[PDB]
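**Q** Chain M is fixed; fit chains P, K, C, R and T with the ligands onto it per the hints.
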Amino acid sequence: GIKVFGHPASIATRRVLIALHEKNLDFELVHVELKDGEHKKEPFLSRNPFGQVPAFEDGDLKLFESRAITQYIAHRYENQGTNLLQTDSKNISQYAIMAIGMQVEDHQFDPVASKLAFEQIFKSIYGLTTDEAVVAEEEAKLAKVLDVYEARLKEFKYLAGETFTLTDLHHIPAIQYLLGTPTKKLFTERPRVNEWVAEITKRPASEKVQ
Amino acid sequence: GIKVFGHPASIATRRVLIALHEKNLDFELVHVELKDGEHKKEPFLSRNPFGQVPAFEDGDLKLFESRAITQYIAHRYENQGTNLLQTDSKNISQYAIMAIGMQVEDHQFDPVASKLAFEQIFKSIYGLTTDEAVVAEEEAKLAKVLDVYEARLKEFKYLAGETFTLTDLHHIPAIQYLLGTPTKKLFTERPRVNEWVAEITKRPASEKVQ
Amino acid sequence: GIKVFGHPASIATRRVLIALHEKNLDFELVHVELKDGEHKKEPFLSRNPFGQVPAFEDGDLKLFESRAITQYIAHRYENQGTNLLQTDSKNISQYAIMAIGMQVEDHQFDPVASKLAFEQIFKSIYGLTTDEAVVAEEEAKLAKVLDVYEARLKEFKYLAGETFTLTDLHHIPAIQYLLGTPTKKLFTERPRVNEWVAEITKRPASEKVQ
Amino acid sequence: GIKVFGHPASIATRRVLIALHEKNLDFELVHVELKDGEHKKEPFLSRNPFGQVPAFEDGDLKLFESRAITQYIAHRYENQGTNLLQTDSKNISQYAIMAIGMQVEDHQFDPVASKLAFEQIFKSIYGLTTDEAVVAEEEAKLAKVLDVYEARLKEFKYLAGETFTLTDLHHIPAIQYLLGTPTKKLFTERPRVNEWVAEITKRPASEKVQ
Amino acid sequence: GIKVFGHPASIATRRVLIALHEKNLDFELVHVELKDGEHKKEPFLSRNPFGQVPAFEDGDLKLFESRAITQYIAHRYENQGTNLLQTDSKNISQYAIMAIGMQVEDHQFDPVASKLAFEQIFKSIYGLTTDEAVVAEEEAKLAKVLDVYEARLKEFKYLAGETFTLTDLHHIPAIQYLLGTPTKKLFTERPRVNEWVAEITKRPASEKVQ
Amino acid sequence: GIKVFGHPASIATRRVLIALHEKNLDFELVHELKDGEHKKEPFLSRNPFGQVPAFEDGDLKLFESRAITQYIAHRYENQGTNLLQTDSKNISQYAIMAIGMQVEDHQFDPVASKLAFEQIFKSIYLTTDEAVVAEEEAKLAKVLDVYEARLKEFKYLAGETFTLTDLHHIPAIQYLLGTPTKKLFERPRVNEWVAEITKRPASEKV
Ligand SMILES: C1=CS/C(=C2\C=Nc3ccccc32)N1
Ligand SMILES: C1=CS/C(=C2\C=Nc3ccccc32)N1
Ligand SMILES: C1=CS/C(=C2\C=Nc3ccccc32)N1
Ligand SMILES: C1=CS/C(=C2\C=Nc3ccccc32)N1
Ligand SMILES: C1=CS/C(=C2\C=Nc3ccccc32)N1
Ligand SMILES: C1=CS/C(=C2\C=Nc3ccccc32)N1
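If you're matching them up, the sequences are chains M, P, K, C, R and T in order.
Each residue of the first sequence is one higher than the last, beginning at 3 in PDB author numbering.
Each residue of the second sequence is one higher than the last, beginning at 3 in PDB author numbering.
Each residue of the third sequence is one higher than the last, beginning at 3 in PDB author numbering.
Each residue of the fourth sequence is one higher than the last, beginning at 3 in PDB author numbering.
Each residue of the fifth sequence is one higher than the last, beginning at 3 in PDB author numbering.
Counting with PDB author numbering, you get residues 3 to 33, 35 to 128, 130 to 189, 191 to 211 for the letters of the sixth sequence.
Just chain M, with the same shape it has in the complex:
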């Protein structure tokens, strides 16, 4: 069957889990003990030689890298559950529009957002002091990025068009984490972003991985 080799707290792992749930699919979440360094030793390195979670299995097919896995799910299980591709899924122009947003989340949003979530949650869990200077710097960054998102969301219900797609889905785990932190201010202060956040984080598949 389908197996996800990861960790339930992992943003990348959650990104995959949401897509599976969105597709009403049954799978086994095989826990990788990162705490014991399992990810940096065999046999996990045979599933992903870069030693990051998640790795993935669908029968004989062996994948890693979360965005590639969500895409695979979106296509292989297209007719099942929520459509994660564009309504007209074979339309090349419309796919490109979606692809740009996917690309934007990876390059503009994730690095900043993940740094924020890490400085202000994960640090605190393990026992290091949050760097207020870093937080401020990255908040200023994310603010400028979210202004671009606001403009985009003023012209379309979701980022790739009129429907919820992979483009939106990929943001969810990081946003979830940032909503338990003062950085929520940036999402809330922007009307169309705030509505978008609220719609995508309130989805049942999104709540299943919290």
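Read the hints as simulated data drawn from the structure, not as lab findings.
Do not rely on the hints blindly, as some may be mistaken.
[Said to hold, decoys possible] Derived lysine to any residue pairs resembling SDA-like cross-links, with alpha carbons at most 20 angstroms apart:
1) 143(P) to 142(K)
2) 37(T) to 209(C)
3) 117(P) to 132(K)
4) 64(K) to 105(C)
5) 37(T) to 181(C)
6) 156(C) to 197(C)
7) 43(K) to 143(C)
8) 187(K) to 40(M)
9) 43(C) to 133(T)
10) 143(K) to 136(T)
11) 5(C) to 31(C)
12) 125(P) to 147(T)
13) 37(M) to 203(K)
14) 37(M) to 132(K)
15) 5(P) to 96(M)
16) 187(T) to 137(T)
[Claimed, not checked] Partial chain M-side listing against chain K, Cβ under 10 angstroms, derived:
17) 36
18) 39
19) 40
20) 41
21) 116
22) 186
All C-beta atoms in this analysis are idealised placements derived from N, C-alpha and C, irrespective of residue type, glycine included.
**A** Just chains P, K, C, R and T with the ligands now, kept in the frame of chain M:
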């Protein structure tokens, strides 16, 4: 027709240009004067609100972000010139394998490679001193990455399988730059990588953008 | 009764838990949801205005800061379970010797060790890439620190003298995490350090918090 | 007799010197020539293997690490001069309160304050340019920390209660340095902090080390 | 004859080219292919062992380092074209005044200005994201520096006195680059600076290298 | 007369003091960075960038150490040691000296000063960063190899005579000699050069 709004030295712009040439397509390269800050002002911000090159046009369709653009080219002009997708282009498993590698270039290769190319070439052009410490740090990184590439290339002719694909194409511009620098050692000292580099950089479409 | 307001993965929280277990004390571990930003909001800020875990309660007495809490435990519940102070607990010279080591763990060991554990474990769990350069830098640091520990442990069974004390206890949570990482090499390669690590990590109270 | 092995400009050394003076004790200040790298060679490494000042001697007893030394002084010479412990010195609850504050100075105050003092004073002495960006970053930090101090000092005359203690003493050397810098603004602009600074820096023992 | 071994985009190379043009001299600009790492290999290392552009030749005389080369030009070809030294060129007091300004450009202006120009232009050309935080930090710096320039220019037509000298010349290439960036605001907002910029950048020799 | 407004521990201030001593000149060393004097008036009227040293020779008001040493070298040329080239008006030979001066400022000083600071000045007040030390030592090593090659062809950096080019290195080198970085200075012709210039009476006075 087709317009590319970018700069001929730009890695991301070159990534798009190679794909166009590989597809034997005719296009106009519209030069964006980054030197005069054109990219950070209208009307370029209407083509890409994040203010990076390249932006792209195919008739009425307006894109940005290089990897999204190359994918669009690969699909919209699939029949034409070199096949940039997998031989069996509609096969979902085989697409996923390609998608992983595309993902790997973006996350594991590009950040390190670009930093190297920048510290060693672009700094020198302008007049800043190369940081020998940074170079060494990143070379150690890229080495570990390229070992994973060696292992992969021992099992397959190219990164996504038996054929040259987008996965390989996306590496070219950065590699081109690094070949004029002592970092070439890392590519040469690895047999299957060295052959792979040599095959992809010697392609006519790759040379047209040097 | 006794309540610990923290998180079970937290190094500082574990430091307190071990001292409680070592004293055979009964307590409630009240989970603080850092993931929902509980620590940076009231009413937790009334228990610790710097918004870090753990906070602590012993009836009416409200404390924070792990080393202060372990000291309090060591004194208030002195006659009970393991002695965490020096054998001659009222001896001022012997206390000072212990105090130096406590001070050393805080200043020389913890910052480096925690950075290591964070770069290698906690980063991987959330989905950020380990910085191999940082790991190397800090491993070189810890090595130099652990050489000083080796010399010290060659003259005494434990760090403060012939008995296990707070000085040793405070190191445990960080060491536990580092034992599931290639940084174990540094502890193992040093004979008396390795014996010391093995003795303190194998204690029942130490294992209860793993 | 009593020897302090250090340097008169050293914050950590001054911390010890103030405690000795506060206790009306006689001692020899043995100057360590850090300029000639004395601290990183024998025989100083036999007094402190981590090669930092100050080291300390009280007859046969050999100590290092300033906070451990001040605590030792506070206890060994308890009935002499100023009481540096709590009025009810054997009270375990009241000690813990003091211990928290000691812990807070070390973790929250000292790293920021010392960076400030270093960027603004020590850099200028030797001939490096002050980084205005760093100054600003750290001033923002210290401000937030000092707000917590303000709140605390609104409820108590000194940090550990109604009396001057080690908790307060340990702040003095760093504060002295910062008072000759625009960072004084942060101390002055906060009423109860300003009163506290003025009281502790005006003490005769505090002036003796300026 | 005279040869300049450099690159036309290089600030340091331009600094030399302007001085040559200002002196109406004929020379060959020999292009060093930094892109192919020519600067870090022989035979260029025989012209400058630190591997930076520009190197320089005047018959048998072999020089490197731009400010030394411009000085050499200013003296060796003193009676030709524009006077780049002070009107009373042998006056030791007046030379010292010029020398201070030359020193000021190197230490106070260039490092900041070059970072700005690099973060905003050169990064964008090659494909890295501008760090807005860095930009802001350095803009604050340059502003303070330019206030000192404003005060100076209120008392004198140019930086070294009543005439255009090397002191002014050396600023040109960096200023040229910054004029195509929002950092122009800092120059425009200061009256005497703005006039100075406008005069020196509008000189025919300055325009020849744009 | 001549005043130097600085601090005796300051590298830049020492650079000026050595040049004055080398020229057998009499001056007053006017001393408080500790009380933030450098960042307030009236010092800002002597140097608006708020760094030491500032300098006075009668009515003439200077700042910036390399500019001051050059001024000394020229205004008091016939007095004491010659700090310019033997043929002081020769434009080719001046340029050779100027390159070296430029090299010290750009290639040597930033690295050397970071080293001296991480290893000495930090310790006087903060923990030395062993990683930084190593990074910068690798840098300085490469720089000093270039110096070795240069010193193999000439007695001093600008030619056959001791000049400003050499002088400007002294204060930083002095500090680095009390530190394990001395090891790097393992380079024969560099070692001899360091020994000659640091043993000079004017060098020892500061
Ligand atoms: C696709 C065409 S234009 C576009 C976007 C334009 N602004 C965006 C912000 C977030 C995600 C996507 C966009 N995406
Ligand atoms: C697709 C399935 S496994 C895999 C790879 C496994 N190692 C790789 C290195 C570079 C690019 C791709 C890979 N790619
Ligand atoms: C107490 C007196 S001397 C001393 C130490 C001397 N070296 C140490 C290394 C780790 C912990 C403690 C020490 N501790
Ligand atoms: C002890 C119980 S609560 C507490 C503090 C609560 N806020 C503080 C700020 C500086 C030093 C100590 C404190 N100290
Ligand atoms: C020479 C004596 S004071 C002085 C300057 C005082 N402020 C300046 C700013 C830019 C260039 C030179 C100066 N130059
Ligand atoms: C002048 C022509 S070549 C040259 C140098 C060539 N290498 C150097 C190292 C330190 C100082 C000067 C030089 N200086």
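**Q** Hint by hint, note whether the structure agrees.
**A** Hint check results:
Restraint check for residue 143(P) and residue 142(K): satisfied, since their Cα atoms lie roughly 18 angstroms apart, inside the 20 angstroms limit. In summary, the hint linking residue 37(T) to residue 209(C) is supported, as the alpha carbons are separated by about 15 angstroms, within the 20 angstroms threshold. A distance of roughly 17 angstroms separates the Cα atoms of residue 117(P) and residue 132(K); the hinted pair therefore holds under the 20 angstroms criterion. Restraint check for residue 64(K) and residue 105(C): satisfied, since their Cα atoms lie roughly 15 angstroms apart, inside the 20 angstroms limit.
The straight-line distance between the Cα atoms of residue 37(T) and residue 181(C) is roughly 10 angstroms, inside the 20 angstroms bound, and the hint therefore holds. With a C-alpha separation of about 11 angstroms, the suggested pairing of residue 156(C) with residue 197(C) holds against the 20 angstroms cut-off. In summary, the hint linking residue 43(K) to residue 143(C) is supported, as the alpha carbons are separated by about 18 angstroms, within the 20 angstroms threshold. Restraint check for residue 187(K) and residue 40(M): the C-alpha separation of about 16 angstroms stays at or below 20 angstroms, so the hint holds.
Between residue 43(C) and residue 133(T), the direct Cα distance comes to roughly 17 angstroms. Compliance with the 20 angstroms bound is thereby established for this hinted pair. At most 20 angstroms may separate the alpha-carbon atoms for a hinted pair to count; residue 143(K) and residue 136(T) meet this at roughly 11 angstroms. Between residue 5(C) and residue 31(C) the alpha-carbon distance is near 6 angstroms, which keeps this suggested pair within the 20 angstroms criterion. The suggested pairing of residue 125(P) with residue 147(T) holds, with an alpha-carbon distance near 19 angstroms, which does not exceed 20 angstroms.
Simply put, residue 37(M) and residue 203(K) have alpha-carbon atoms about 16 angstroms apart, close enough for the 20 angstroms limit, and the pair holds. A hinted pair counts as satisfied when its Cα atoms are at most 20 angstroms apart, and residue 37(M) with residue 132(K) qualifies at roughly 14 angstroms. Proximity of residue 5(P) to residue 96(M) is assessed by CA-CA distance (about 19 angstroms); at most 20 angstroms being required, the pair is judged to hold. Simply put, residue 187(T) and residue 137(T) have alpha-carbon atoms about 13 angstroms apart, close enough for the 20 angstroms limit, and the pair holds.
With a cut of 10 angstroms, the hint placing residue 36(M) at the interface with chain K holds, because the nearest CB-to-CB distance is about 5 angstroms. Taken as an interface hint, residue 39(M) checks out: its beta carbon lies about 5 angstroms from the nearest beta carbon of chain K, inside 10 angstroms. With a cut of 10 angstroms, the hint placing residue 40(M) at the interface with chain K holds, because the nearest CB-to-CB distance is about 8 angstroms. A cut of 10 angstroms between beta carbons decides the hint on residue 41(M): the least distance to chain K is about 6 angstroms, and the hint holds.
Contact between residue 116(M) and chain K, as hinted, is supported at the beta carbon level, the nearest pair being about 6 angstroms apart and thus within 10 angstroms. Interface restraint check: residue 186(M) against chain K, minimum CB-CB distance 8 angstroms, threshold 10 angstroms, status holds.
Consistency with the previously given hints is maintained throughout, with no hint failing.
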